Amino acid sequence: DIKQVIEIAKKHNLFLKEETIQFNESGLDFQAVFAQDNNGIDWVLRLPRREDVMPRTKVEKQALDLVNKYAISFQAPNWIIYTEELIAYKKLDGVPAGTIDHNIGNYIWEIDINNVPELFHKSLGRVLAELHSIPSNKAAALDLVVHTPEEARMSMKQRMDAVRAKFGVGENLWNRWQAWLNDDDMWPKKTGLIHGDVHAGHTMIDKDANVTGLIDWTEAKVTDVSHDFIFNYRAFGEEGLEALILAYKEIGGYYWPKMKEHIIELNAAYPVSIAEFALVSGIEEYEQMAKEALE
C-alpha cells in the first residue's frame, strides 16, 4: 500500500517523504493517508474505498467550495488534488478534540472531559454561526439537499415514518417524536448550510481547545442547523449544549426561544439516524444499535 501510495501521489504531481507515510483507516468512505511533502508540509490523501468517486463526492466538494470561499474563522479541506484515484489536501491545523474508540464505544479525548475548556464552546459557536450564515443561495447550481424550514420539518416526519415502516418504533418513543413534530413553536424559522457530522473526531482544536477547523463534509446540506449541536449535548450534557447555544446566539447565529428544547427532541430522534445508517451501510453493529435504540 505504501508503494502504491507513492506511485499514486507521483501520478498527481505530489512528492512525499516516504518515511512519513501513515495510514488512518477510521473513515468508511476513504482510506486516509498522512504524509509530508518535500517541503515538510503535512498532507492528507483520501483514497476512495468504492467506485464512482466523482459523482459520489460532488456534493461534498460544492459545500467545501462554499466554505473555502466564505469562511474565515475555521479551516476546511481544500482539495488541491481531486481525481477518481486521489483526493489530497493540506492537513488542517490542530488535532481532533477526540477520536472514537469502537471497542470502548466512546471517545479517546484530547481535552479534559471533566473540565471542558469554555473556549471550546465559544469558538465552536463562532464557527457554527459563521458556517450557518454562508449564503448558499448565491450559488448558481447547487446539488446539495436544500430545505426551507417547513421542508426540514417534513423531512424529519417522512424519515420517521420510513424508519417505522422498516424497523418499527416503540409506542412511547413514537409518541414523543410525534409531539415534537406537531409543536409548531419548537421548530426553527430559518435553515442554513450545515456540516452534518459535527463531532469530536471532525473538530480540529488548538492547544487552548479553540476549534480551528472542520474535516469531512460528506453530510453537508442546507437544513435545520440543530444537527450541528447534537454532539455538544451528547458529549458534554445540557451544560455544554447551553454554552454552545449561548455563544452562537451572542455572535449573531439564528436563535429561537425553544432552540434548546428542540435540540433535545432532535437528540431523542437519534435512533432514526442509526436505523438509516444500518440500512445503507450493512454494518452489523449499526443494525443492532438500531434495534435496541428504537425500543
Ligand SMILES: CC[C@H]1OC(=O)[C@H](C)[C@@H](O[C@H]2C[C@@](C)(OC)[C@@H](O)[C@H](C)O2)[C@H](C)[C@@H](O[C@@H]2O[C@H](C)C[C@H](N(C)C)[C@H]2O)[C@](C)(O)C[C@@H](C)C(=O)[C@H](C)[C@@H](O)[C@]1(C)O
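If you superpose the two forms and keep the largest set of C-alpha atoms that fall within 1.5 Å, you have the rigid core. Numbering follows the first chain given and starts at 1. Compared with the form solved without erythromycin A (ERY):
- In the overlay on the core between these two forms, a shift of 2 Å or more in CA position is seen for a single residue of 164, 138, 157, 176, which is 138.
- Residue displacement note: residue 37 has its CA displaced by at least 2 Å between these two forms (rigid core superposed).
- After superposing the rigid core, the C-alpha of residue 95 moves by less than 2 Å between these two forms.
- Taking 2 Å as the criterion, residue 47 counts as shifted between these two forms: its C-alpha moves by at least this amount when the rigid core is aligned.
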Second form
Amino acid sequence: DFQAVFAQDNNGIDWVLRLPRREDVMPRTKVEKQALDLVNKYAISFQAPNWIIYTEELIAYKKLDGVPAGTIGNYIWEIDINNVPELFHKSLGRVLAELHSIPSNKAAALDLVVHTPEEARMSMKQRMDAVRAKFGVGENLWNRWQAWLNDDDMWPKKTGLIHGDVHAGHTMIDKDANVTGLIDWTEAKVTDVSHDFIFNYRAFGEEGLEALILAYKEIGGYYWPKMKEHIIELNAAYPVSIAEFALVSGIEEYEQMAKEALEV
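Okay, that's the form deposited with erythromycin A (ERY) bound, but what's the structure of the form solved without erythromycin A (ERY)?
For this one, just the chain is written down, with no partner chains and no other molecules.
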C-alpha cells in the first residue's frame, strides 16, 4: 500500500517518506492520522510518528529516535529472554500508562473506535460467535472462552486509548532499552487496555507479563485484581484473530492455521 523512503533534510534532520501505491490513501489513513495527531498532542514521555506532511501525493514525518527492539548480514538479534534489561518493562509500563491515560472524549470527537467497557466485552463475544459460525470451535476451547467472557471479576471496568499493535518491532528503544517511542498506529482505538500487554506475555512469559503489570500499576495505570488472569485469557483467544485473518485474507495457509488453532 506504500513504499518507504528514508532521507535527510538540508538541515540534517532524518525523515521518513511514504509514497502511496494506491489511489485511496486518504480515507484509508484518516484514522491513523487522527490517532497520531491525538497521541502527539498529549504524550510527552514517548514519541509517535507525527505526520506533518499529509497528502495523497505524500505522507512524511521526522524519523523517530532509537531503534526497534529485537531483530532487524545477521548482526542484530531478537531480545534475549534470559537477560531482559529491567528498564525495558519499567519504561514500557510508563509509556502504556501515559498512552492509556489520554482523554477518551478527545478520541470520541474523532473517527476512532471508542468502546465503553461493556462494548469491549460485547465486541469479544460477537467476534467469537462470528468466528465460530464460520469455522466452529473445539469444545474445550469454546468452554474456556465462554467461562472467561461470563466472568465479571475478570473484565476491566475502564477502557483507554491503546496502541493495539504492540510488538518488539514496533517499540523504539535507546541504548539502555528504555522505550522511547512506538510506531505503526493503525490499530489505535479506545478499548480494553489489555491488548497492549499481550506481547509481554507471549515473548517473555508470565514473568515478563508480571514485570510489565507491576511497572504499570506502580506508575499509576488502571489496575484491577484479576488483570493478569484476564490478559492470559485474552491471549487464549488469539485463534479468534487467526480465524479473522483467514476470513479477510482468503489465504489457505491461514485457514488451515485457524482451523488448527480453533481445535476443530
